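Next comes just one chain, in structure tokens: the form deposited without the ligand.
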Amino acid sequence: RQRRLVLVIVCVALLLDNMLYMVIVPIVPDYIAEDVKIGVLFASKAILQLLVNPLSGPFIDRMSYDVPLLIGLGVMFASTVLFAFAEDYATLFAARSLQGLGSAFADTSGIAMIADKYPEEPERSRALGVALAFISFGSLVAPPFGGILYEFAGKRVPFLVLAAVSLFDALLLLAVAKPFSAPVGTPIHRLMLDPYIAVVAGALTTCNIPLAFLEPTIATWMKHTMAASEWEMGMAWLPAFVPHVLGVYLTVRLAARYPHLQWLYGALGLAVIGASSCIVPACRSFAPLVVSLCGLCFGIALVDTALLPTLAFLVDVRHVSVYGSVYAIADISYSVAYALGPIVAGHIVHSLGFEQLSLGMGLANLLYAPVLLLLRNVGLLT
């Protein structure tokens, strides 16, 4: 028990958190439906994640990661009960913005708590891997079932049930950890100018471009002239979970036998992601495409559970020992591709076609692994 009971509560608060940013995409254009106006609504979540994260950086490391987590959970509960009482454009826009703010306040605090409660070499990696696996189980296998549940019942009862469950989890966390009972960190604008952190931030912002750009342009490529039914459009990302957990487990296991090596895994993951992005075109069948998607999803875990604890290690070694405003920088890095995707992907696909942007993403991905080589002396720093 002890610290382990908190980890389960935080992890579940992230599984249901990622369920909602991706169960509303197929629901939006059943009400409003000239296509540029609907693009901004889908980009509202990531836009607010860039204008609140720098302001919420120093906020997190000032009151021990509890009040920000509770604030984020409350805001997201408020935003969940608003998606089910909405039919017009403005209400959905406001709900999406509130969801983005709640994510920006909650995910960083949860990751910081997980990193703080497990200070050690062989346990922090395991905790972060568990958190990432719980995130992936909510982000990659849930929306297929949520779509069927909405098609059967609707959008009122399930969303209210989700809000009730989120409130239950928040109340459980409040009862377990009591914040209302009787170290100056490094600011972001000076933490950014670190040669050993900018590379990691760039790798994080580069390893997430293919996921942000494949959606929502993969459906119009599946249905267009290649034998696409309706099941194999929502069931094309579900068999993409086993490689992810396998990669997370493999990287966590290999991070213990070899302690020094924490850049080779990132380079290999980036290479795999680039190769998968390059090979995703030119597959005139469902099975090769789903295999390429499997490889693409597997490559991301290698980068994630090899460059996520590296930030904590660096901020502990050559800075002050507070775990905040660093995962905020990581979140800023991660929330740029998702902001740039649903607005530029359609234009790029219409102009150059779904055969050159994929190679461009692959070439960009295979141009940073050499850059990730300036992380060879980490662990020797004194």
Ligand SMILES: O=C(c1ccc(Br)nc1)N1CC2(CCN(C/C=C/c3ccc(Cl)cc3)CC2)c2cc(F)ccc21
The other form holds:
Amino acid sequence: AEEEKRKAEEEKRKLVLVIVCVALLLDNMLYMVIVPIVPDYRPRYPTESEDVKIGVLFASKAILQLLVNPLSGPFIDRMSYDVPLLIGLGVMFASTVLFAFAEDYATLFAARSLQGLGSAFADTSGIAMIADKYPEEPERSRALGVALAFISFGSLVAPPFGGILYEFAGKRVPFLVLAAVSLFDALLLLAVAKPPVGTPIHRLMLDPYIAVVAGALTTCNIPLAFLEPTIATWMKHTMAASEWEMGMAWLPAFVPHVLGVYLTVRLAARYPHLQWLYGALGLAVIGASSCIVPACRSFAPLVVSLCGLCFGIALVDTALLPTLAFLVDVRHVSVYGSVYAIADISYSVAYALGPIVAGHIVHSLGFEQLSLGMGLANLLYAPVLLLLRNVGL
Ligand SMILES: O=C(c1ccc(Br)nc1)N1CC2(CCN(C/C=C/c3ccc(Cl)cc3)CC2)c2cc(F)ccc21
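Take the protein just shown as the form deposited without the ligand and give its structure as the form solved in complex with the ligand.
All chains and molecules follow, beginning with the one already shown.
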């Protein structure tokens, strides 16, 4: 009667993990489908008409979650994770039907800002629930790996099919049925789940290990903040490939991501205290790919540079997300809202700055200077990550 209840608890953990991963897949599906659609009002290149009045609408999501997350930390610390996860999925459903319902400028602005309001609860609550229900060390990294695999699926293989299903039927019908799948997911989490003073955000940042992880997340995420709104209009200047071979450059860069997650999980189960060197080895190929992209004149080298660039983010963001939970475990009290709020500030400070200044600094100086500067930053972020020789003690 003890093993029976234990198997029931294992089933109750797995049926919540799968539902959280499907919700994250659908969320990144939304974030990657709606990007070519906004400047309109067979595949589609991401960005067009990059100016000051539309890039601020593309960065409205990131600037609103950057403004919300320092207050949305303690709401997850005091309360549970089920309640902010349901609030995030509810306002994400409202935003998803709002994209289908309207076609103005300010209404699309409100629909893009409600996605930031939805992310700033749902994403941090999902990663906090995954880090809560797996207290032991290898299962934490394994659940992190499965979550990153579903997020990389829903953010990499989703645009070249979302565009070609957007061209045929129109806007309204696919976003209505996808919002129906989102409400079905939220109702199924309701039917399954049935719903410590903590430490403030004012002193988490002064902890230097939290600070170096927070710097590493921004520095590893910002090349995909500056290369996504730029490379599509740059392909037509050097080689000028066809439109199928311009928006599908990030599609073969998914299998090296999941193989990189598989590699660092399987060889972090062996060595427990080498995650800092996995992070440095991830930043190595991040900097190498961000240096080697403009040299790739043909299309297949420019695909293999992007698959190296997607390999590196897999290594870094699988090596440093369980490290952050272990760090807030063995150095502070065991709460998981504020430190992943710090992580989301570190993600969003790149995405709130990329699509505003990227096209203007390409038009002012050039694309190769941007690439060499970011590769210079990722290669010079080596002595800063030598501070993590003490987390195994
Ligand atoms: O395309 C985007 C994107 C999405 C939204 C917006 Br707005 N802009 C861009 N991304 C983001 C990113 C997504 C995955 N990582 C962050 C995940 C943190 C996280 C959150 C919850 C959980 Cl449970 C576990 C982990 C790193 C970055 C990524 C990796 C790739 F290999 C390729 C592309 C992308």
